[PDB]
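There are 4 protein chains.
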Amino acid sequence: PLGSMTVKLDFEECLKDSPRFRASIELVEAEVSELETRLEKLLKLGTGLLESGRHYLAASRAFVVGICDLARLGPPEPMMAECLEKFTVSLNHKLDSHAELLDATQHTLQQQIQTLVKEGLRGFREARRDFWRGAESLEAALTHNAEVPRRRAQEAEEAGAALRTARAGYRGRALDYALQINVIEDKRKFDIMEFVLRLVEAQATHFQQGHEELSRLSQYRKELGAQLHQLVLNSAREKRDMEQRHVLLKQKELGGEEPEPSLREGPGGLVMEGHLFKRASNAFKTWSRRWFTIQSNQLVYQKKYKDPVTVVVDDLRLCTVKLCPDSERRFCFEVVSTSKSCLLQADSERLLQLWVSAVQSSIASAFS
Amino acid sequence: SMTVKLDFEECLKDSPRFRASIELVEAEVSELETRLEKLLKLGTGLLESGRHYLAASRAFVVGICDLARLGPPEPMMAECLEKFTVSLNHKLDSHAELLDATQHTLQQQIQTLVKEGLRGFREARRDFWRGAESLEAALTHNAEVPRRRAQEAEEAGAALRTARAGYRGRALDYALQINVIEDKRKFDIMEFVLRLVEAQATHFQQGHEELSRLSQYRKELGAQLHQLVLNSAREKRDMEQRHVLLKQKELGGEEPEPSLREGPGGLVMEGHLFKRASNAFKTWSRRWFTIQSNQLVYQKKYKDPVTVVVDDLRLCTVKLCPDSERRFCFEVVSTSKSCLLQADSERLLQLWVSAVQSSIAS
Amino acid sequence: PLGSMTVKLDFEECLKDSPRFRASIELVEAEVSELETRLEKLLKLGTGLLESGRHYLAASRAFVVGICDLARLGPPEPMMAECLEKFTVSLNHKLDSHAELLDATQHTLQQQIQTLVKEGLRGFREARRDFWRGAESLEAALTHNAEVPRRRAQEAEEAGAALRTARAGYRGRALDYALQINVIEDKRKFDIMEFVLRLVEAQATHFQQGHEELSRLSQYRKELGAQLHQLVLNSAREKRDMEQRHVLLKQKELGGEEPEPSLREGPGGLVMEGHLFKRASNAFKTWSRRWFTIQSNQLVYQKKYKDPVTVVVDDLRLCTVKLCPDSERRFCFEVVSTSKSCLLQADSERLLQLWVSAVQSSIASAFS
Amino acid sequence: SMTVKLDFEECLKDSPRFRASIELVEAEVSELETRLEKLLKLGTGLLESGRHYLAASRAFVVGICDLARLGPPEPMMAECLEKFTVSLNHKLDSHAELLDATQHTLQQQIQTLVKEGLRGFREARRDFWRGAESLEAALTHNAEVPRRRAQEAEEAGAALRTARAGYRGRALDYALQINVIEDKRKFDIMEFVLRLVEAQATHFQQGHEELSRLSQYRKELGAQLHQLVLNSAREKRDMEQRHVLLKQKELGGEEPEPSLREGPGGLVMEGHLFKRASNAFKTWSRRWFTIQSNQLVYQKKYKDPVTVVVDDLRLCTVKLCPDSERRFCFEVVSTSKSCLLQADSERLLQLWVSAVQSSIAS
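Residue numbers (the entry's author numbering), protein chains in the order written: chain C, -3 to 364; chain D, 0 to 361; chain A, -3 to 364; chain B, 0 to 361.
What the hints contain is simulated information worked out from the structure, not anything from laboratory work. Some hints could be false.
Okay, the calculated beta carbon distance ranges per label pair [what the hints assert, rightly or not]:
#1 C:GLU208 / B:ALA360: 34 to 42 Å
#2 B:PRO263 / C:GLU115: 28 to 36 Å
#3 B:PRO263 / D:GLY221: 55 to 63 Å
#4 B:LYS281 / A:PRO(-3): 45 to 53 Å
#5 C:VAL3 / A:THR111: 20 to 28 Å
#6 D:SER231 / B:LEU227: 22 to 30 Å
#7 D:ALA54 / B:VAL332: 51 to 59 Å
#8 A:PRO(-3) / B:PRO263: 54 to 62 Å
#9 C:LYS218 / D:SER231: 27 to 35 Å
#10 B:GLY44 / A:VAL228: 24 to 32 Å
#11 C:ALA19 / D:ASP99: 47 to 55 Å
#12 A:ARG16 / B:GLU234: 42 to 50 Å
#13 C:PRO304 / D:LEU46: 48 to 56 Å
#14 A:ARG16 / D:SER231: 34 to 42 Å
Dumping the calculated DSBU-like pairs for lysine-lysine here, alpha-carbon to alpha-carbon at most 30 Å [to be verified]:
#15 B:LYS4 / B:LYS235
#16 B:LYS185 / A:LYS235
#17 A:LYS235 / D:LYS246
#18 D:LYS318 / D:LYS299
#19 B:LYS183 / A:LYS218
Note that beta-carbon positions come from the ideal geometry of N, C-alpha and C, so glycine has one too.
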């Protein structure tokens, strides 16, 4: 027949013990050790594939959260809000299926290859042990059969009776070796075929779960896509419209005068904010700018944009404004009270007029 | 955080709604770039992990192949076992094309965005804060005007004018880019996701076509496999059952008997014999001897040239040694060379003595 | 039944695997290890007996040579000359037979006890190895049968099918252990009985070879003995006769005068020996005694009993004797020649007269 | 060497035949004593070697005895194996009596001869050479006489007279002892050999009487031994032949099934179960459990006191657990104590659940 250990083991000389037969027993064994190292190399690689597999999916699962989270960090688009949720449950669904494929991999390696190296050479190596012990027994059997003198007939007959023992039971041991090598030639091919069966089985099972919802994924891929191409043409147009209006402001209507602080919530909330230059009444003294706010009849400044406000004067009920006639600088006015009295300057003619008006107005509310 | 679509009204009047929107869009740009650039190193790492995975698989598929050339080269092994493993390598290469296309995807969108996608926002912003630096300075400058003065007033005020007009033109460019970033952060990330989902999906579509045919192959072969090994289970038990019958009933204790039968040039016989060594103690040793073409040779290893024991047999005599101490022995004495020898039975003595004795008559 | 391993191994629970059965497998083994150390102690003692045996006969064989050689060194008795030869061949004959008994001892220890420890526990310990491997297999078989969840029905059925494997083939392994312990209980008793059979066999064979010539030895023991008792009565009488004659010489006839030198072989051999006192002719000179001899007409002296003789004068043909009238001492005579001339003195009146006569006589022969 | 029976003629005339016989008898006495005293240390060494031999044997016969008390105490072992080995010890003690009698023999003759058997020869010899010392001196003295003198002549000569008479009486005593030594060296050595040959011979005579009856015992038992072990050879093969028939045809894969059958106080069942440990992980473990006298106990080692699992069964309930994850499990819940348990089959669940359920009705 055509088997790899079959064609290099001599069945025909197996009761007969020629140097040929001793050569085949030795020769066939080399494949046995070969096959056992290749089985072991396959188990080591199997955990390497399990290790990298489980790291490729840990990297993948972080990526899918992260791709979604970034889109979620953006300004919102409703088709994306629902499609991204369909994509998310589907994407993770492939990773838990492919993680199952590893565990399946791990399992088949245990059922098959590990069982195979663990169980499958035990009964042949124990038959090998006793066969070579019997060889040993046969050689001393021959040794004791040859060295007797012909005059000591009874002793020699006793020694030849043990040789009939050695030779027979060595034929008996040789048959068992023959049986057991004859099992592993048929067995080796099937088990590893089974292993490959179970490999491409889990693959077929994994692509089919991912192929099965493919229609649900494909409707969203189109409906997100048709919407994105209308959005881009809509943004093109909106930004065309925005570039031309951007153009227009710079052409002829932008203005050079300071913009005006806008009062709201009538004279008793009187909400108005704007910067001024302030100066105190110390003997050595200087100007700095602060951002001012009249809110709830309360005049307040803040050293910075993100600083909490502080009162220019605690209460503004007993205060009076002086529009200076004589001031070192143009556009200066002065604000006088029980304590915290101070000098102010504004940036242009209408801001001075308004700021003094609004602040004098707030004094009327407060005083009311 | 701030409101979407920031328009020019607020920009040009230096509103606190503008003032806070510019505060919050810059802080959004630092978060965004960091997360994009993290998503960039993580998508880098994913390809590296995929590619380590495909090499891990590629080495595992060579280990299943190695079994296959060791084995016998029969039809099911020769064709099926090869079609299963080549389909495994084909799938690794296709999957390589998906990691090549993921890389393309990532180098197109996310690399470009990190590298040169914030660059005109940062141009507009540094030019814009430059405008307000100069306007902060010219508001100071505008304020250092003595009340007596009029030529200093118009001179100071002209410097404030151009500072304010330019801050406003610079404001229009920051605003417009704040709208461009806002749609770019939506569309570059939406196209990225949709490209990736699209290209993953085709690999399964095409995959399943083939691997569902391979499922069919698997279940058909796998069905032949369970019966084949049941067949075997019966087979090697039948063999064991003959063997205990062989051992109990037909097992032989007698020595293997050599055969004196014609070949290419006359009678041939080959077999074990004991002889004495050439060491100083002359110690006995077992070798395999052949009678062929009127010659006696001895084999020194299996599959290696033989050594001659007697040059010719037609010039030999054969000693049946009746007065020797040694048992089952004969001596062959030829003109150039002699050899004592010893056999395992009285049958084997007479059969080796008769074979040499017919040989001496050739 | 009544066997030592039989009555502490539970056949009845051997398919059934109770803690009792696990306890018996363990319990019975302790006797197995016991029996193997006692077999080994018997082999060590066997070479000690071989070592001392071979030294007791090396000491014995030297003694038998030495007992004979001492008798052979004595003054000779003819019945002893033949009986000692019969005793010698018979005595050695027991030592070569008892040396054969050792070699026989050595042989039986190899055939029996060494074969027994070498071959006889191999197939039971290999059955023990696989039985406890099957136990191992059974425990993980139970382990994998118990830890499956009830929802995973197919997987659990597969795991229980392997347990039907484990349990069955463990029953199969248990039977082999049962077979093989059941062989060693019958076997242990016989082999060591055989060993004791072969011991007292070689003894019976040794006393019978030594009992078989006992009649030949017994005739010599008597004939040497009857002769020794006549010899002692004969020696008693001979020594009585010798004591009384010893008595007689001292009583009345011993004599006080110097004994006389006895000439023989006539005047031309003239053989006569006796001491004298000699003096040379030197100017400072003195007396000493030497033992003189006239032999073959040659007058010679010797400084000692065991010294070779030297000539008083080379030749005695041309010499003359002077019987001194004037001499310092009594009984002196003088002997004159061509060279070596000298003065002599003798011990008493008849020795002087004779010595001068004999020496003058020898001169006449010589001169003839 | 010299002639035998040395008589008084030669002695009293101071002959050279005497003069050489006295030279050679003293040299024979030095050889003799040395060889006797060597024969004395070697006969010492022989007893020491014999006694080392009897102790070597005595320890070997205890090693064959040790087998015998290990074994079964059956009639052939009990009586024959003991009669063989006690005959071995009996023979050691008899042989001890022969080494005691060899020692007696050696201390009687050869020790005495070395110690005090040369002593009167050495007395006579030193007294005799003393006589010749004085006669050598008085021959000198006899010779120092001036020729003129007559009173010196008779005075010197009288000293020579008594010296010569006494040398002659001393000569008679050396001579007579030279005859006594000559017969003593023959008769002490002849009696020694004959005593030894005589006493060796009786031990075989008596030995063979018994050991030839023991040969008879040996061949009769030994004949029962070859058939007995042929009988056995058939026996254990018959057993092997049933066993391959048992394995092939009757071997069972099913779990051992417990039995619910009445005893001293009602229904009894005992058997393996799985339970959960009291460690912090709560890890599962297999123990052997007994239901007896309305109680459930568990065994903690073979042949050692048991531990109670539930105090009473008439106060228990029994959970068939249909919604549990764990397979083939039940729970027994009693007032003081509960226990989860797990069995190997759906048969064993129902049988352990029914046994507790009959027990709950007691």
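(Q) Looking only at beta-carbon atoms, does the pair B:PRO263, C:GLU115 fall within the given range of 28 to 36 Å? (A) violated, 47 Å
Q. Holds or violated: are the alpha carbons of B:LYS183 and A:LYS218 at most 30 Å from each other?
A. Roughly 21 Å separates the two Cα atoms, so the pair holds.
Q. Could one say that the CB atoms of A:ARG16 and D:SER231 fall in the range 34 to 42 Å?
A. holds, 40 Å
Q.
Please check whether D:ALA54 and B:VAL332 have a Cβ separation lying inside 51 to 59 Å.
A. holds, 57 Å
Q) Does B:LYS185 pair with A:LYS235 here, judged by a C-alpha cut-off of 30 Å? A) Holds. B:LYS185 to A:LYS235 sits at ~15 Å (cutoff 30 Å).
Q. Within 45 to 53 Å or not, the Cβ separation of B:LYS281 and A:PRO(-3)?
A. The hinted range 45 to 53 Å holds for B:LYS281 and A:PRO(-3), with Cβ atoms some 48 Å apart.
Q: May I ask you to test the hint 55 to 63 Å on the CB atoms belonging to B:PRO263 and D:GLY221?
A: holds, 59 Å
Q: Kindly confirm whether 24 to 32 Å is satisfied by the beta carbon distance between B:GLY44 and A:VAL228.
A: holds, 31 Å
(Q) Looking only at beta-carbon atoms, does the pair A:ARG16, B:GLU234 fall within the given range of 42 to 50 Å? (A) At 26 Å between Cβs, range violated.
Q: Given the hint of 27 to 35 Å, check if C:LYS218 and D:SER231 actually sit that far apart at their C-beta atoms.
A: violated, 54 Å
**Q.** Outcome of range test on Cβ distance (A:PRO(-3), B:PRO263; 54 to 62 Å)
**A.** violated, 30 Å
Q: Starting from the hint 20 to 28 Å, judge whether the C-beta atoms of C:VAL3 and A:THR111 obey it.
A: violated, 41 Å
This entry does not satisfy hints 1, 2, 5, 6, 8, 9, 12, 15 and 17, going by the numbered hints stated previously.
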